[PDB]
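**Q** Letter by letter, the chains look like this.
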Amino acid sequence: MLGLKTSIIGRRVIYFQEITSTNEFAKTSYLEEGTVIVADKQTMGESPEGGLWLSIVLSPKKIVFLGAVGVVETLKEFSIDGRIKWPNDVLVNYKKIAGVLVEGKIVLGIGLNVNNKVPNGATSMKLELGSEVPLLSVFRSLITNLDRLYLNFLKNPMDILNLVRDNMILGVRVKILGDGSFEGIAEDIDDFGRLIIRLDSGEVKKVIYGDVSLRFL
Amino acid sequence: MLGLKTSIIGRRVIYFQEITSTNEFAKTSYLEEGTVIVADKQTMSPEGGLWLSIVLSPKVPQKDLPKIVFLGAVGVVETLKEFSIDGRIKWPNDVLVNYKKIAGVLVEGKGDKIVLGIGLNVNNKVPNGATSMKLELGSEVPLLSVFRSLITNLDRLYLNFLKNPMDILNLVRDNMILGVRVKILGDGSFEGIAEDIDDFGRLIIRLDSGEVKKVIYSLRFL
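Protein chains in written order, with the authors' numbering: chain A, 1 to 45, 54 to 69, 77 to 119, 123 to 235; chain B, 1 to 44, 55 to 227, 231 to 235.
Don't take every hint at face value.
What the simulated footprint calls covered on chain A by chain B, stretch by stretch (three residues with Cβ under 8 angstroms from a Cβ of chain B suffice, anywhere in the stretch; the number is not a length) [as the list claims (entries may be wrong)]:
| hint | segment |
| --- | --- |
| 1 | 12-19 |
| 2 | 205-217 |
Here are some, though not all, of the chain B residues that point toward chain A, as calculated from beta-carbon distances under 7 angstroms [stated by the list, open to error]:
| hint | residue |
| --- | --- |
| 3 | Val151 |
| 4 | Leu153 |
| 5 | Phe157 |
Read the hints as simulated data drawn from the structure, not as lab findings.
Every residue gets a Cβ at the ideal spot worked out from N, C-alpha and C, and that includes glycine.
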């Protein structure tokens, strides 16, 4: 009855009034590629009612970037200026509005603050527009964008990188936290999606996601 | 993201762009009670209609299990009324509007699980003689709004059924086509007046001779 017209993402959609975690359900269950798991709230991500909490089962033959860019495109459709914080968050005026979590079957998880209450420092679509936003409209928009991005990714895996570059926060100082830490200017992402940092000394470091965290100064 | 507020029916919803049969999927898959299977179209039910199945496992007496079909029929009648359409039940599983079929209910089973299937013509094209919400109202009807309405009504009817299983019978009675002549097709076919339904949900027919017959389960209006 939803009438989705996507090719892969959204072929099937499993909705829950509540779930522990959409990513955990997607990882654990036997599901076909393109199936979307969505819940009004997650008890063990709590991801409160009002937000868009979903996970997508993928089996591709840079995935976190698909999610981030999809969210940015949807936000722009609603006239909200979302910018990517490498490599998995989307911020509006430096306040977190969405987060992407990929686990590998590959599960692409996305959490977007829409009408829900949010933690300090974070923001939501409702807070940005000053009014409630139809959650289903955001879902439809995002699924359409993600399906297009994914289908093209299967063809041209490199294309997503330029979309990330055009929508990511760069040219500012950041602190990279891993086993040890360093600071420098986030210059760009390379052909592998690695964050290129120029340290004050001139040294160039390439950051690979996994067990590292980025903080803005 | 649907924000359903129902207690049992609709706790989970599995949507398909296309499926062979929502009833078949519901029967062959392990699904918690209240799970709704819905599809844009069934291949074995064109786009525009509401095609769904609900998984139920009612802990009620064996004798009440045959009443599940009525929950579906009454739920459809209630939803239609919300949209200003007067539907009437053609015993035991169809809903007609001015004698034109607008919905059908099919109850199947597998194990202690009961699958309540409902097909409602909303915006889809329909066979001559049949009708749809769109044809009755003269404009496209938001399919999701119909879904929300129906699921809400079914959840309420079901919760009460689990406690007061006899209640559904009076609702059916007040919303069914009675007092008219009908013919029961098949072996031992006969005709008579459809008088009412009894405490088992059987259709009570008064033949011209005065004989009374009770139908458990094809009927034609004469």
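**Q** Enumerate the violated hints, using their earlier numbering and listing them in ascending order.
**A** As far as the earlier hints go, 2 and 3 are violated by this structure, in ascending order.
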